[PDB]
Amino acid sequence: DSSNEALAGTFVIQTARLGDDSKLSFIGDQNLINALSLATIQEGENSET
Amino acid sequence: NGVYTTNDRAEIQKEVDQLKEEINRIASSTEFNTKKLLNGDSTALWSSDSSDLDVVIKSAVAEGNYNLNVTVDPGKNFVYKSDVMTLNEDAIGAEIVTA
Amino acid sequence: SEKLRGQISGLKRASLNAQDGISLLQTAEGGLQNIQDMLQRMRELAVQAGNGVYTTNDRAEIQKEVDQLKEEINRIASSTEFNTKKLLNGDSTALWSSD
Amino acid sequence: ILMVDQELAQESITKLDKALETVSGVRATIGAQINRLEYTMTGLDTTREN
Amino acid sequence: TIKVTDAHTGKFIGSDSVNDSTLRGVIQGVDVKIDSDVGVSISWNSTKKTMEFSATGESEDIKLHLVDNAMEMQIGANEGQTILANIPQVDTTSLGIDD
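Protein chains in written order, with the working numbering: chain A, 125 to 173; chain B, 27 to 125; chain C, 488 to 586; chain D, 2 to 51; chain E, 493 to 591.
Hints listed in this document are in silico derivations from the structure and should not be mistaken for laboratory results. Some clues are possibly wrong.
Heads up, simulated DSSO-like pairs for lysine-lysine below, C-alpha to C-alpha not over 30 Å straight-line [as the list claims (entries may be wrong)]: (1) D:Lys19 to B:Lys40; (2) B:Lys107 to B:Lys40; (3) E:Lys555 to C:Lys573.
Quick list of simulated restraints, FRET-style, between CB atoms [what the hints assert, rightly or not]: (4) A:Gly152 to E:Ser528: 39 to 49 Å; (5) E:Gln520 to D:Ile14: 23 to 33 Å; (6) B:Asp80 to A:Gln138: 21 to 31 Å; (7) B:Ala53 to A:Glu167: 29 to 39 Å; (8) B:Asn65 to A:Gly143: 27 to 37 Å; (9) B:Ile49 to C:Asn504: 25 to 35 Å; (10) D:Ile14 to B:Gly90: 36 to 46 Å.
For each residue, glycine too, the CB sits at the ideal point set by N, CA and C.
Construct the entire structure; sequences and hints are all you get.
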């Protein structure tokens, strides 16, 4: 509860890099992409150097 | 525009990548008396020891060696979520058999 | 000169994009015309029933045709297509799911 | 530069515009140098004659 | 009586009391329909020969997933200049003549 895994029967996708380097794009057939129907819940931020 | 599916954009991207390779080739192809002009061989000459540091040349450089000190404060990452999955009606159901 | 040339290219591209946009709306308009045409026949067949001389069997006879017209209207609602993009079946605005 | 989804074309346009600006600046600089050299050409011949 | 909240933080969004069991006009642009056989207990009274209904006494949770997917068309030669279009969903259920 009250975390990223509050919903059952869903896929959670995370990456181990930060910033704009961590954006992922999905390409494929229209029906499969529509069935998957991904959504964005967290967007990355850059760092301070 | 949206009239194109997710395949037309990839078909565009393929030949765009081809054009990128062609422009890199023409950038690195110029030559005169075995002395390259455009690939930063007329202004500066640089090198580094670590394999994660890049240098781009714009104007006159000075000289010498340098030592760098790096401190980092991190940001965040990207997190995606999918949809919900459900079983079809033809399935589901328990029973008693004798095999 | 370079800026003007780029603007000219962009203008021509947008000029084509407009009509590639408009065709889809024309198709949707046609489909909606057909559906509206069927609904009025359903209304007239509904209003015919009600004058009481009819027994309790020809009313079910009318109900058969009403149901069959309803499944026709569902089929035409779910059959619209353009470039593998279904328009009228709620596939242009949102996408919902539950468990 | 990527064009896979309907979100990167705007950034692509901006990058292309600024790249064109940079190329134009380089060509202007080279033209300036060649014009200066062309002007300094003829004085040598005039001084040779004198 | 229906109360809707967020699934990750818990900010209250809306509450409603309906009679025909349709949640309308609290979530932007969506109407939600729920079955009438949700959380009700049935028992029989032989001494009075009548059925009796009652509340279960415990709450029930359903979770909903919804993602936007409007229509964007490029109309200009620069950024920001885009047009948004939507097509509402139409069928027998939406038109309210399903039953």
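Structure-based check of all given hints:
1. D:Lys19 to B:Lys40: Since the Cα atoms of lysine 19 (chain D) and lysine 40 (chain B) sit roughly 23 Å apart, the hinted pair holds (cutoff 30 Å).
2. B:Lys107 to B:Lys40: Measuring from Cα to Cα gives roughly 29 Å; hence the hint holds.
3. E:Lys555 to C:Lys573: The hint holds at about 27 Å.
4. A:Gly152 to E:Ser528: 39 to 49 Å: At roughly 40 Å between Cβ atoms, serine 528 (chain E) and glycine 152 (chain A) fall inside 39 to 49 Å, so the hint holds.
5. E:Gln520 to D:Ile14: 23 to 33 Å: Check passed, 32 Å falls within 23 to 33 Å.
6. B:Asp80 to A:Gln138: 21 to 31 Å: holds, 28 Å
7. B:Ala53 to A:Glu167: 29 to 39 Å: Roughly 34 Å apart at Cβ, these two residues keep to the hinted range, so it holds.
8. B:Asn65 to A:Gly143: 27 to 37 Å: holds, 29 Å
9. B:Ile49 to C:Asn504: 25 to 35 Å: holds, 26 Å
10. D:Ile14 to B:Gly90: 36 to 46 Å: For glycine 90 (chain B) against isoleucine 14 (chain D), whose Cβ atoms are near 41 Å apart, the range 36 to 46 Å holds.
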